[PDB]
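Student: Listed below are the residues making up each chain.
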Amino acid sequence: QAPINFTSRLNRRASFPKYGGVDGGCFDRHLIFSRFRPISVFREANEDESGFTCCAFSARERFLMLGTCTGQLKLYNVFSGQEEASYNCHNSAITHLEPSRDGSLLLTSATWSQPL
Amino acid sequence: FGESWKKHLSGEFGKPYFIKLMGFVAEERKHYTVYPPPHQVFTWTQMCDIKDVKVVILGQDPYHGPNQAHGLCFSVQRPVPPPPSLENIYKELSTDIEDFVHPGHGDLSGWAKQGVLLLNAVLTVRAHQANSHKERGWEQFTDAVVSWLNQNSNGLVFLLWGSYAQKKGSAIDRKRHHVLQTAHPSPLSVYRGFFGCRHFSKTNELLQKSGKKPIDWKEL
Amino acid sequence: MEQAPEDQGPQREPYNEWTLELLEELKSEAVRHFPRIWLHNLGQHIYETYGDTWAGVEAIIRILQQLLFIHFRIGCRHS
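Protein chains in written order, with the authors' numbering: chain A, 1045 to 1160; chain D, 94 to 313; chain C, 1 to 79.
Isolated chain A, as found in the complex:
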């Protein structure tokens, strides 16, 4: 088994295959998903308080398609932090929102609107 310390795995992977020992990549995922840090907060500075419901990223990871309470999805650059293109999508709200991997399609489902 790979050692519990990370520097002891780092010296061992220099003369052993990919991770360092048996169950070596598991320890590499303990140290790397047990810490998080907030980078940016995206408000909705139109009526002074945010109304977001659903969140997802785009198919190219530049924009992140948030979703308001009013039923419109608003694009935001992950680098800029700027409203780029709102879209009058639904009447009720946005419940679910996922894109496709090729970047050609987009599924959005609403709360009570007559097309759901």
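Hints are computed from structural coordinates only; laboratory data are not their basis. Do not rely on the hints blindly, as some may be mistaken.
Stated by the list, open to error - Restricting the straight-line Cα-Cα distance to at most 16 Å, the calculated cross-link-like pairs of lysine to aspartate or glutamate (EDC-like) are:
1. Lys100/D x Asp142/D
2. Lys227/D x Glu312/D
3. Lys305/D x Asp142/D
4. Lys184/D x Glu21/C
5. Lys206/D x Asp145/D
6. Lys295/D x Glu185/D
7. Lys184/D x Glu24/C
8. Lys184/D x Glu17/C
9. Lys311/D x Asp142/D
10. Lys206/D x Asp154/D
11. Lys311/D x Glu180/D
12. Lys227/D x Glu48/C
Since the structure of chain A is already known, use the hints to place chains D and C on it.
Tutor: Frame of chain A; chains D and C shown alone:
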């Protein structure tokens, strides 16, 4: 200001709340911005006379935004996009007037020469603020006007829609006049009753119970 | 190199009418899930504080859609 209106409104001054009104609201004009100026308070007592008043429609609160209102109740300036409840009373006007023409604006300078008393209850409120003031004297100054018209002028009607208008002028007699009330003209008024009632005939129709100077809604 | 698409979707140019085409609809579902006690009382509470100024007209479509989303999210079948 119209002098013939104050033929007998000289009993509006000598009360303990009148100097509370025209000084402190002037003091509010000397510190803050109450929105309608003195040259827009006196429009209803200038444009129409007191000799032809036939409809009494009250008004709760003025319009706190700058360059919007001009004194009459439910009324706004002509370059302002029209208010929604005044846009909401237009919906019944199509369903009852077959010759429905469209105003296209928000100035009510067309119905004011008919016989409608488009009176706001509190005539002035502050800029950008709805109901900041206390009872500084705008209420009972109008309460001494509304129930005074129960004596001298005649041929009125009360479409006192909304509970704010129900408290002020309910108990005026039904032999001399006619009082019909329903839900509010706003679409924010969940308990319905306004949404299709055909009250707007009964300006043209309840005057057939009197026989006075006629009305056309379509002066727009 | 991401090109955000052209907003050729359903536009809402008569905003004074599209609100009126839907503010009844916001009332046409909240009565189908909630008693009218809170509906008139919250509508009165904004009308005493925003009035007939469109700042309660969109704001009730804020508060109604903010509750009807979460009331269909907490786990009540109707309420």
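Student: Hint by hint, say whether it matches the structure.
Tutor: Here's how the hints hold up against the structure:
1. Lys100/D x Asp142/D: holds (12 Å)
2. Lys227/D x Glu312/D: violated (37 Å)
3. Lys305/D x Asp142/D: Holds, because 15 Å separates the two Cα atoms, which is no more than 16 Å.
4. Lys184/D x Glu21/C: holds (12 Å)
5. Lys206/D x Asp145/D: Given that 16 Å is the threshold and the Cα spacing comes to 9 Å, the pair holds.
6. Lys295/D x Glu185/D: Roughly 13 Å separates the two Cα atoms, so the pair holds.
7. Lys184/D x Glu24/C: holds (14 Å)
8. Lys184/D x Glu17/C: holds (11 Å)
9. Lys311/D x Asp142/D: Outside the cut-off at roughly 20 Å; violated.
10. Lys206/D x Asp154/D: violated (23 Å)
11. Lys311/D x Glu180/D: holds (15 Å)
12. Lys227/D x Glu48/C: Given that 16 Å is the threshold and the Cα spacing comes to 14 Å, the pair holds.
Hint compliance for this structure: hints 2, 9 and 10 are not met, and every other hint is.
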